[PDB]
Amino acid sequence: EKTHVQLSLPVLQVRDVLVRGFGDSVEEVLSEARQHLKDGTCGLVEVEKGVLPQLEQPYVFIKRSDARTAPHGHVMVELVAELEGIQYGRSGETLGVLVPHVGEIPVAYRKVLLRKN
């Protein structure tokens, strides 16, 4: 409905993640990421050296879409997928890579304002 939704995403350590991606195609991983975001079952892994090789492609990133500011502490973000070096969507700085959340203990929470498709 609303164009944006406030979410608090659990930040997960890459080596804890049990399900290392959302599926097998760009369209499936964006769809599954959106449904897990809706269901409150989406985690966030912050991207550092060595993180992406330990996750499964296609990747779904949340990237900063923002205008001038970030409402409250919630950065405005949108989804961008990546498969074999090609990205689908264009957006700003990467806040991290999304993965299914199945009970892993987070190290932090990231407050974001997720934009619609």
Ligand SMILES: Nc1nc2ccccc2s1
Given for the second form:
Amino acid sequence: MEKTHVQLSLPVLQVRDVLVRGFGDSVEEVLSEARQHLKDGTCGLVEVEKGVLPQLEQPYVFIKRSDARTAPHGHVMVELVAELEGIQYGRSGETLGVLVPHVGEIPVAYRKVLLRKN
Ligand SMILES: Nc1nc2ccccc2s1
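Output the form solved in complex with the ligand next; the form deposited without the ligand has already been displayed.
Complete assembly follows, chain above in first position.
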């Protein structure tokens, strides 16, 4: 019954503020935990720049652009892709950022996305 996509506004966090630097210890766990935190409204987004990924914990969960024409209501369509030891689980478009737990850190912006569930 889950709609295929959900409109979400994610808090954008600076990497040095992030208290919990990843979702888990395996590709399957991080994707599971990321989806659960997205559903609970406890997921943040870190924009990737030089120095960011080495300050976060692998496996990484990225949100990547899933199409070119869909940005309904200002929300870019995205899907989840995990990465561990240079191997990616999924193929998609450009990375919008890396997902991390949000535990109350103050964001610098909010990023509107239309997220593909599964
Ligand atoms: N399987 C599911 N993944 C997600 C991701 C975001 C929101 C809800 C759900 S339910």
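Positions refer to the first chain, counted from 1. Here, rigid core means the biggest group of C-alpha atoms that superpose within 1.5 Å across both forms.
When the core is overlaid, the C-alpha of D66 ends up 1.7 Å from its other position between these two forms. Relative displacement of the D24 Cα between these two forms on rigid core alignment is 0.1 Å.
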